[PDB]
Amino acid sequence: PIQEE
Amino acid sequence: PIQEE
Amino acid sequence: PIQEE
Amino acid sequence: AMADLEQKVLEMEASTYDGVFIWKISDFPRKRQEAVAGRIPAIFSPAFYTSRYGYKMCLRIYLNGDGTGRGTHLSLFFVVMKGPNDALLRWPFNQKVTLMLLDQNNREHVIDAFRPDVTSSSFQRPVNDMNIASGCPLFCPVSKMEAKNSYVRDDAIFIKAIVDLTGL
Amino acid sequence: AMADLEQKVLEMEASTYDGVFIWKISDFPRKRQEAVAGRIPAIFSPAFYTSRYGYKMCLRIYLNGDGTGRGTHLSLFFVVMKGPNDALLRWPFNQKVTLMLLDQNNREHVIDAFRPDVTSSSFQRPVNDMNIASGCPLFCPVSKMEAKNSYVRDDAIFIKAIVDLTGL
Amino acid sequence: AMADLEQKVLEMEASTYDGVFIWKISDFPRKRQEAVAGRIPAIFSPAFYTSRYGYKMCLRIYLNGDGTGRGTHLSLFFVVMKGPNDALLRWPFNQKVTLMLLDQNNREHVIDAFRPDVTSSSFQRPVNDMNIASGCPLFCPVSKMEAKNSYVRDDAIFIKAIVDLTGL
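Chains as they are written, first to last, in the numbering used here: chain A, 1 to 5; chain B, 1 to 5; chain C, 1 to 5; chain D, 1 to 168; chain E, 1 to 168; chain F, 1 to 168.
Errors might be hidden in some of the hints.
A short list of chain F residues far from chain D (calculated; beta carbon distances all over 10 Å) [said to hold, decoys possible]:
(1) 43
(2) 108
(3) 124
(4) 127
Between beta-carbon pairs, the in silico distance windows are [what the hints assert, rightly or not]:
(5) E/164 x F/42: 42 to 50 Å
(6) E/118 x D/148: 30 to 38 Å
(7) D/129 x F/1: 24 to 32 Å
(8) E/42 x D/90: 50 to 58 Å
(9) F/27 x D/5: 21 to 29 Å
Since the hints were made in silico from the structure, they are not lab data. By construction, the Cβ of each residue, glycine as well, lies at the ideal position given by its N, Cα and C atoms.
Same shape as in the complex, but just chain A:
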């Protein structure tokens, strides 16, 4: 998963 910015 990639964190939201």
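With chain A fixed as given, assemble chains B, C, D, E and F onto it according to the hints.
Chains B, C, D, E and F alone, transformed into the frame defined by chain A:
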């Protein structure tokens, strides 16, 4: 089934 | 079980 | 909104999500008179569903009868309502439905069942809030229930519905 | 009604229908004192059920003890309440009940269990809103919990109840 | 409190406790535009849980993208929220998560899945109301859905999430 009148 | 007093 | 919110809570309180619904109708005598007099011919039950995001349904009963059962029988119908997830469901509605009037002595429940009439408007995807009800106009003779027997107890009766979940 | 409806919402929010209930008691320190001072000797938990239309039950706890455990133990009792569908259920209530005080370090939970005393008024069909509570007067020594240990954490404890559904 | 209570009822109405959640977003065109204009970049979904007393979670979507997907994709993220029973759960959160944009013709759903990054702040026990969202920045090209296709129908779309329960 029979519909309501 | 035991009843509450 | 105060009373409108009270309504939402009551509906949520009664909702079920596994196709099984038990409807308790209290103050039977009074509602029965309101039906005989013609002031309140029918009553709708709260809504219930086949699954968390399945079909939305309810029941409609005529304590003094409808159509072929008018004045002689308790008439009980099934109702397909407009549900929030209808776009994800298959139409027409095609699950078997079982309806019961529970004996409060567990001796002999009144039971009947049917499979939807796929060509009937009662089972197509809802355009209105509710489709026309369909079911059993001659579900139970007025004399059988009401009168004496074990269906009416402490002035209340219990109606039970079971929607078969095969294919869902 | 404004607050009466709020109570209905809270009840609904905590209700379970599988016989398993977990009761979180926050502000443990304060409630604990109110009990020692005798200002608020006992507390009822929200209600829960054995099935969608099964028995209605709740718990009652005495943070500073009741009867034989007064002043020395945490007393926890089971309560059979008047349910909407009691007419459809078998009586007296005869399901095994397991009660626990959870160790928030999953090391050693406090646990006890009992089978209903079929002759006790505590398990007959409810005439009033609730029957006499029955359970464990010596459930947990005040020294074990409260003091230190891993039962009280961030000023809160968790009580768990499991109602055996054998036969239902 | 009247509106505050309505919010609680609405949340309860949408909650699920089996790790599966279907999120219907209506008024799609309007919300889509508020995102393009930057007035309302993202939307949080109602909360759902892994079990009756399990992890509390929700989703967050950017209809016009976030980060690497800004202006080109619909970005969809998973959010671990502070739950009432967090003290009883194992941390960090380590359940596989599946995210989907449903095709309303059941032809081809958009799907992606991931296992939590255990060393990430997003999956540690929550200290705040919500942890930083984590998931799929490039979940679906704006042209894919929106435009035509069968993801948007009657100005609404459906997002589905499945949290694997292996180990719980």
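Hints, one by one, checked against the model:
1. Distance check for residue 43 of chain F against chain D: the nearest CB is about 17 Å away, which clears 10 Å, and the non-interface claim stands.
2. The Cβ of residue 108 of chain F sits about 15 Å from the closest Cβ of chain D, beyond the 10 Å cut-off, so the non-interface label holds.
3. Non-interface call for residue 124 of chain F relative to chain D: holds, since the shortest CB-CB distance, roughly 30 Å, exceeds 10 Å.
4. Under the 10 Å C-beta cut-off, the non-interface status given to residue 127 of chain F relative to chain D holds; the minimum distance is some 31 Å.
5. A C-beta distance of roughly 46 Å is found between residue 164 of chain E and residue 42 of chain F, which places it inside the suggested range of 42 to 50 Å.
6. Here the CB-CB span from residue 118 of chain E to residue 148 of chain D is close to 31 Å, well matched to the stated 30 to 38 Å.
7. With their beta carbons about 30 Å apart, residue 129 of chain D and residue 1 of chain F fall inside the hinted range of 24 to 32 Å.
8. Taking the beta carbon of each, residue 42 of chain E and residue 90 of chain D are about 53 Å apart, inside 50 to 58 Å as hinted.
9. The hint said 21 to 29 Å for the Cβ distance between residue 27 of chain F and residue 5 of chain D, and at roughly 22 Å that hint holds.
This entry satisfies every hint, going by the numbered hints stated previously.
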